[PDB]
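Number of protein chains: 2
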Amino acid sequence: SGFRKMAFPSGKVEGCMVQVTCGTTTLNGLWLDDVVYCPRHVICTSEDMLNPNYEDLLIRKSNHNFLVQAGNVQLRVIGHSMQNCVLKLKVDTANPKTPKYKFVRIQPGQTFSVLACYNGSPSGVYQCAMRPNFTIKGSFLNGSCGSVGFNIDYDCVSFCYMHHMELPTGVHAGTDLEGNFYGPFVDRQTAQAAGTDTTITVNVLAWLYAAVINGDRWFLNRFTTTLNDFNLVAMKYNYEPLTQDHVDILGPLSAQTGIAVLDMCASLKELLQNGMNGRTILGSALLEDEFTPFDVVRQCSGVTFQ
Amino acid sequence: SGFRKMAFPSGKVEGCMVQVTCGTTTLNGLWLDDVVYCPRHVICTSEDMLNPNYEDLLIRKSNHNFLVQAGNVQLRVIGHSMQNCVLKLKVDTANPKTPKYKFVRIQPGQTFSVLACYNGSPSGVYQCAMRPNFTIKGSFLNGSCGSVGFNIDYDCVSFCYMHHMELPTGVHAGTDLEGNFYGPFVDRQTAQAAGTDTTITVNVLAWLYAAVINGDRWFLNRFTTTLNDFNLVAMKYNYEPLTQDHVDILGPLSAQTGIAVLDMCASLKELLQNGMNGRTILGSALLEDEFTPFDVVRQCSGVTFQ
Ligand SMILES: *[C@H](O)[C@H](C[C@@H]1CCNC1=O)NC(=O)[C@H](Cc1ccccc1)NC(=O)OCc1ccccc1
Ligand SMILES: *[C@H](O)[C@H](C[C@@H]1CCNC1=O)NC(=O)[C@H](Cc1ccccc1)NC(=O)OCc1ccccc1
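Taken in sequence, the protein lines are chains A and A'. A prime marks a further copy of an entry chain.
As numbered in the deposited numbering, the first sequence has no gaps in its residue numbers, which increase by one up to the final residue, 306.
As numbered in the deposited numbering, the second sequence has no gaps in its residue numbers, which increase by one up to the final residue, 306.
Calculated from the structure, these hints are not laboratory results.
Some clues are possibly wrong.
[Stated by the list, open to error] Computed list of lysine-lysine pairs in DSS-like fashion (alpha-carbon distance at most 27 Å, straight line): (1) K100(A) to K269(A); (2) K88(A') to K102(A'); (3) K102(A') to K90(A'); (4) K100(A) to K97(A'); (5) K102(A) to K137(A); (6) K61(A) to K88(A); (7) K137(A) to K137(A'); (8) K61(A) to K100(A); (9) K97(A) to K97(A'); (10) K97(A) to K100(A'); (11) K269(A) to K236(A); (12) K269(A') to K236(A').
[Claimed, not checked] Computed footprint of chain A on chain A'; a stretch qualifies when at least three of its residues, placed anywhere within it, have a C-beta under 8 Å from a C-beta of chain A: (13) 53-67; (14) 109-117; (15) 140-150; (16) 256-265; (17) 281-291.
For each residue, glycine too, the CB sits at the ideal point set by N, CA and C.
Extracted from the complex, chain A is given alone in its bound form:
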């Protein structure tokens, strides 16, 4: 038993991390087959950031201006192009460590593992959620740009996130691996509004089921509620609306625990209206929302990979 915020094993992704340098800027790249992917602002100087014309800046670059380091191997760059906000460098050697992989654009509320890297070398791995407002609450220092987020399904790494920037509020923003930002953000050093975040209600419910499975059950009340009545409470507390699709997704956890979803909603309603009164649930004094229903099922069924 026990329940922890667990990241995927990172070895498959470690073997794909390279160092990309163009001018004075060095960041991380992702090396799959004979292509290296990285944020296009690798070509920006200091002045360039406030108002970059990426097309004009890229035209001043040729293949030999991009230095790509894989540990200590050089890839020769034999072509380059810009795809949205990512640069794709064609190299002369396919990564011998390329895992089975896919590029996916995840939905808000979904979770993934981040392999934080600096100068092309992995530093650490942690799990997090794409917020409803398309930011992530990560741990990214200078040089972490180009670090990736991912999920694993048996042998297949599904890359979904590449890190580009920290907003002036200190939250993090980035793209899918086709270079399209999540959210309204642009790769410009300007102040940018993330907008109101909300709590991922279906994830909180999944975590409450995780808690029941693991013996923590004081919050189970002797009430039930309806969808419309619960959702009335959700909007007051900035929780995202609960749909029947959400109810269906919680089904297996409902069947395992013998607790109807709407009964669990009534417990969450009373938690939201009356607080936790200094108690804890799975070791936290807050309602946790970065576990999907699949995260929970996977953790207490012990699904493995490689």
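Keeping the supplied structure of chain A fixed, place chain A' with the ligands upon it in accordance with the hints.
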């Protein structure tokens, strides 16, 4: 910026995980050079658990009774022995993926990453602390035994923990890689007392420095205190005594932030006596104690490995 509970990149450890079977029992083993390490209770049946005579049980086994699976390769077992609570199986092939490694026995309050595994295959990775009472609060299902905890220093994996059991209270217990349990525990399916746990005070202070570094600073008060006066508060709240060795370890964080350690103790005193009043620190509504001072320095200096 940002601060997250970060595990080490697990790739170096992934390549060492094997499946060990003896009779009906299958668990994880750790394959380094030509030796495989695993919990000795792999030789136990169901009845054996309550009162195992490990010496007598092991004598009924020969080399060919141990089935070792590395993905799909067999190691031939050419020798076996029991070292404290671990079994060491000599195999005919050295692991081609053996990292630079060491066996270390960690101190209570130190942290490490766990690579949770089932049937020899990695499932997930998370960070945690050896509690003062020599348990860990992990996530371990049936078949997770033999999963390891570890730290990395550049290229060297320092193995410090192998998982053996869940106590009836649901916390977790295990050994170093020489097979000596952390704590008073034995590998017997009996009820066993962990004893009173305490909060790792020096880790809480390191995390408060992490918070200041990352903009969270409401808790900084206009008080100071002394060691003896703070420690008086610590014992009332089951915090481990703060020593000058602890103060010295917090020095670099003191110098970075410009906050004397005893000034931070006075903030922690008022947090302990008056609660948090519904505020949060680095996203948590509780005082976090599973970050060492070195964890904090490493996270906000971006130290890398391999
Ligand atoms: C890239 O490694 C780095 C990662 C930052 C530093 C600390 N935390 C992070 O997530 N980010 C950057 O340097 C980029 C650079 C850039 C260049 C050209 C166009 C857009 C961005 N930007 C960035 O994160 O700046 C921080 C910031 C904070 C507040 C307002 C503006 C910018
Ligand atoms: C090994 O994979 C397994 C891991 C447990 C299961 C769920 N969570 C865990 O950490 N543990 C065991 O099966 C061992 C077996 C054993 C055999 C011989 C001597 C000692 C132990 N024991 C165990 O964890 O049992 C759980 C338990 C709970 C409460 C009281 C006694 C035992």
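Hint check:
no. : hint                 : in the structure
1   : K100(A) to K269(A)   : violated, 43 Å
2   : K88(A') to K102(A')  : holds, 16 Å
3   : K102(A') to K90(A')  : holds, 18 Å
4   : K100(A) to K97(A')   : holds, 20 Å
5   : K102(A) to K137(A)   : holds, 24 Å
6   : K61(A) to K88(A)     : holds, 13 Å
7   : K137(A) to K137(A')  : holds, 24 Å
8   : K61(A) to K100(A)    : violated, 32 Å
9   : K97(A) to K97(A')    : holds, 14 Å
10  : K97(A) to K100(A')   : holds, 20 Å
11  : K269(A) to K236(A)   : holds, 11 Å
12  : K269(A') to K236(A') : holds, 11 Å
13  : 53-67                : violated (count 0)
14  : 109-117              : holds (count 3)
15  : 140-150              : holds (count 5)
16  : 256-265              : violated (count 0)
17  : 281-291              : holds (count 4)
Hints 1, 8, 13 and 16, counting from the list given before, are not met by this structure.
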